[PDB]
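Trainee: With these hints in hand, go ahead and build the complete structure from the sequences.
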Amino acid sequence: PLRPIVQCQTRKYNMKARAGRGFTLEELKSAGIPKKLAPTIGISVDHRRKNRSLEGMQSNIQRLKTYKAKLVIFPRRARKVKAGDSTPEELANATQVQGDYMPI
Amino acid sequence: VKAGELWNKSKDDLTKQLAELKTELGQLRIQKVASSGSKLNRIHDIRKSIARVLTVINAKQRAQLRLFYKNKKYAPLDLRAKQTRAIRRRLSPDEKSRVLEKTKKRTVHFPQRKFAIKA
Amino acid sequence: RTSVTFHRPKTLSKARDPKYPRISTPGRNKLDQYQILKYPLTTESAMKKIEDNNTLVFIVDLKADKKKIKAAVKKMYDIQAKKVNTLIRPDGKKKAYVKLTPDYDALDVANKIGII
Amino acid sequence: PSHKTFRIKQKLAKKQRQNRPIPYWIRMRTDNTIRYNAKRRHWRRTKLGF
Amino acid sequence: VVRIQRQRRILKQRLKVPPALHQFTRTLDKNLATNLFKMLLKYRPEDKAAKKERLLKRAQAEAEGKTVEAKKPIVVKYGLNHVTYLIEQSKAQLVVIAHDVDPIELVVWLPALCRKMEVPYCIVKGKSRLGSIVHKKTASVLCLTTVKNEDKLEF
Amino acid sequence: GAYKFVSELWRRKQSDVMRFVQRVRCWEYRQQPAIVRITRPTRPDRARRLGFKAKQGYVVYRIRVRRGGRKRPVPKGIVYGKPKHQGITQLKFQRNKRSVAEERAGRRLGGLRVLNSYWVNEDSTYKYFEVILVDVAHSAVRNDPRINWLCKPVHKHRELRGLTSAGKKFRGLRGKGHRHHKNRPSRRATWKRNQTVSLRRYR
RNA sequence: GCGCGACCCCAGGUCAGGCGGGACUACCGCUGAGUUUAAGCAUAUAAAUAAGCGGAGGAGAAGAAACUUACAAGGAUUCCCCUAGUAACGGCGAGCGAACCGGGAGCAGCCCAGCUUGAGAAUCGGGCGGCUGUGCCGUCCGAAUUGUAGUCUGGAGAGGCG
RNA sequence: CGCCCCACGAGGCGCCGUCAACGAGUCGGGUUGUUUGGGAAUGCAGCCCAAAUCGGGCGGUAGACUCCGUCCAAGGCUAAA
RNA sequence: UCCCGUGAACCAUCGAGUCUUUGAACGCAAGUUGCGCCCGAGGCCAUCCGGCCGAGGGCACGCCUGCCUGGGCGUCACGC
Ligand SMILES: [Mg+2]
Ligand SMILES: [Mg+2]
Ligand SMILES: [Mg+2]
Ligand SMILES: [Mg+2]
Ligand SMILES: [Mg+2]
Ligand SMILES: [Mg+2]
Ligand SMILES: [Mg+2]
Ligand SMILES: [Mg+2]
Ligand SMILES: [Mg+2]
Ligand SMILES: [Mg+2]
Ligand SMILES: [Mg+2]
Ligand SMILES: [Mg+2]
Ligand SMILES: [Mg+2]
Ligand SMILES: [Mg+2]
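Chains as they are written, first to last, in the deposited numbering: chain KB, 53 to 156; chain BB, 6 to 124; chain NA, 37 to 152; chain VA, 2 to 51; chain AA, 53 to 207; chain HA, 2 to 204.
FYI, nobody ran anything at the bench for these hints, they're computed from the structure. Treat each hint with caution, since some may be false.
EDC-like cross-link-like pairs, simulated, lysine to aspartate or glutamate; straight-line CA separation at most 20 Å [what the hints assert, rightly or not]: (1) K101(BB) - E9(HA); (2) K12(VA) - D127(NA); (3) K81(KB) - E107(KB); (4) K37(BB) - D127(NA); (5) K109(BB) - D145(HA); (6) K74(NA) - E25(BB); (7) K21(BB) - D114(NA); (8) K74(NA) - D114(NA); (9) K74(NA) - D50(BB); (10) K66(NA) - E29(BB); (11) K153(HA) - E100(BB); (12) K111(NA) - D50(BB).
Mentor: In structure tokens form, the structure reads like this:
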């Protein structure tokens, strides 16, 4: 699953971004990606983090939006394509993307 | 005598043949002490034929007995499926699939979908 | 009450009534006549017993008792024993001296089974 | 002793049957190494200790 | 066992019961208790034998008419959690507490609760006799919320 | 909602109502055997919160344990050593008496598995713990989704090994940050991890 | 001269069941030394070890912060690397010694008790019978109102509305 | 790949403002022994003291006050590494 | 006859079987094959349509759920 851009702690490393554990509830809500469903579609959720800066919040929204742009989801059944799924012709060209498909 | 023909017999004739084999071994054991030569070796065949006929008796009897108590009735400790003590005490599959309502809802809704990227 | 001691009351108990038998198969007889009478010892010291004292010397399964020895000597060989003596010979097996009631003749039995 | 338990008589029987020199014929079985019976016991030398 | 259960009541006699526990041992008198229990017997909860018929015979009313003609069935309420719920909403029109609940702490406070919320209560004698009303082995508390219009005055 | 009322009633443990009802029970307990089956919890709201249920197979056992520390059981009090392990009478045991009660019931009740235990009474000589146990064989317990976890084989003799609520307290696992970091996974696993002389291949 | 209901507790070769013991690599808990080092030795060290007493699994233990940090802050558990032979601790002597940060391996969260069916125990078990047989169904007995089930677990949630 | 089509019940999303219950001889304190790198005391344990709901625990020096940051114990389960 | 096959083998392998006395070891013991109690297929004679020899099988301890038989003015109601 996906991970947030966050800052490191600790004066020695405050200036270096790195991967986090999950997007806060506030990002998942403001991106149109429900709490219960983000782990379902491969987005971690971290109930414990706090966002104190618009810069961090908008950066993590940008990661969410990009991921939801380049995410494809197969239907739960064969012919029944419901909301959130994707077109057959879209599904037919999906492969297993390997390595870090979003480098921080 | 061959197990093929023994399995193809009645219960009473099967018991007769056990009586006869143990009497033939009775005679060979007698003549082991006194005489010798060629009838000293038939002992081993007769002993093995006693074993054959008793194994036939027990196998057929327990097969019949499984047919009768395997009416999905209470089964006896000589029929109950021995595996190992740990295996006997494990939980059955309908018991290991037991989950809660807040969890069976969490899977009836909100399952683990199938996704790729690059769309 | 009458006595200054309370002894425990009398209750009632039921006999065991299993809903499944613990041992289904009927147990076979394992000290049967052919195990219980292995083979007659045929030393010359016993051969003397055959003709002096109207006795047959068998070697019997070590877990034999005199009641089973007489019963088997009757079912096999179709005789009876008026008295059996037993001893466990030092090598390990049990040896039984079966004296026939003087109706039957030990010579006759010894030649019906082949000893002498 | 003359009054011995049946357990001790039972075990004397077996420690008796365990005294014989090895059979004459074993010695020719294929690829054989048993040479003499190295588990002899004598009543005056090595007491059973039981 | 007998020995200890005798010095039990003896020692409860000797020791000084505090008032919260001594508001018990002051029970309803036999005459008013019997008068009350007559009405309680009139309003018994539903039998197991009778609760299969009420669910069996509505099957047809659902299958053919498809319409429910039930009116409210009115019976006594019981159970400590439920009765504390009724009492604390003040929907309890009469409370009947067993005197002899063990452990006593389950009802040390219902008298005071009914008292400070102004609900009529009695400390009757016999939790088993309460249990019989509802068909359980104990009841430990009962309360009435509403009675039939044919016996308001008797109530 | 009765359990809240009884909860504060049992919170006010120096009020006269609890002083009475608790001393009389202390006498009754002190007159019965050390380990005794009791058909109902005496503290139903305490039992509810620790996972008791009014369901078959959950049994409740009152175990009496003694108070005070541990005096070193040596031949007279004569300890062969240096002056620093030469004391006897002021040493304290490293498991709480709650866990000692659970682990007494664990040895008495072979077939049933300890779930929890809670304080009920105490005096100068004894403490009384009521220990909730579970029968892991009755179908009512085998078919409960919430308490099967106790029938898996990795849960035999929890109390003998330190895995109940009282077990963790004396194991040092109530706590998370520093002040409690040496006790995870266990103090001996920490000691091993910290003592291993790691000699890598290309050292 | 009674029939009773409950409570506690009996005895049952009662129906059906669960427990003890064994092996030691690794794992969990208690207990617990000293030779040695200190050029003596008495705290210290040896060592929160060896021995002793118990408990399991194929891994066990731990685990979703009553946490660290003072940052622009991070975000469950576990192990490797560095942190670090460092802060600390110590007849501040011999000696002893971790952690946060960061880099990696792997990543997953969950469920109860409570106020909340009261027009209605909706829950569970056992016997018996039927079948589609790890279960499901029909009926009887029983447990349970000193509360089984259901909703809820703080990220919430209960409601009303869409 | 085929037949069976998922709802008025549950969930999500949005609006609301009224509710909004969270674990007791438990935490915490003293003292004692052990343990620790943990130092006016790191854990654990005994004994005695003994809770709270504009409230509780921490911010590595004991203390009173003002502000700040932080989390919500005393019940339970949980693969991989 | 085990030979152009119901088929050798100190063969491989594993599902059908047997598994003496013991042992956590379980009737009570134990330098004891010591000493008990209960059921019982079968058969004899009839002191009855009962008793004797039985082949086999049982009898531990703590416990869990249920049932049967009980005890206690422990709490009660209803009564003589
Ligand atoms: Mg003799
Ligand atoms: Mg000599
Ligand atoms: Mg010592
Ligand atoms: Mg020195
Ligand atoms: Mg030196
Ligand atoms: Mg010296
Ligand atoms: Mg050290
Ligand atoms: Mg060791
Ligand atoms: Mg585990
Ligand atoms: Mg360095
Ligand atoms: Mg220690
Ligand atoms: Mg300390
Ligand atoms: Mg100290
Ligand atoms: Mg755990």
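Trainee: For each hint, tell me whether it holds in the structure or not.
Mentor: Each hint, compared with the structure:
1. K101(BB) - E9(HA): Not OK: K101(BB) and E9(HA) at ~39 Å, beyond 20 Å, violated.
2. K12(VA) - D127(NA): OK: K12(VA) and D127(NA) at ~10 Å, within 20 Å.
3. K81(KB) - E107(KB): holds (17 Å)
4. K37(BB) - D127(NA): Between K37(BB) and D127(NA) the Cα gap is close to 19 Å, so the pair holds against 20 Å.
5. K109(BB) - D145(HA): holds (14 Å)
6. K74(NA) - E25(BB): holds (16 Å)
7. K21(BB) - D114(NA): Given that 20 Å is the threshold and the Cα spacing comes to 19 Å, the pair holds.
8. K74(NA) - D114(NA): Holds, at roughly 16 Å.
9. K74(NA) - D50(BB): Measuring from Cα to Cα gives roughly 18 Å; hence the hint holds.
10. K66(NA) - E29(BB): At roughly 18 Å apart (the allowed maximum being 20 Å), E29(BB) and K66(NA) satisfy the hint.
11. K153(HA) - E100(BB): Roughly 11 Å between the alpha carbons, so the hint for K153(HA) and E100(BB) holds.
12. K111(NA) - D50(BB): violated (25 Å)
The structure fails to meet hints 1 and 12 from the earlier list, while all remaining hints are met.
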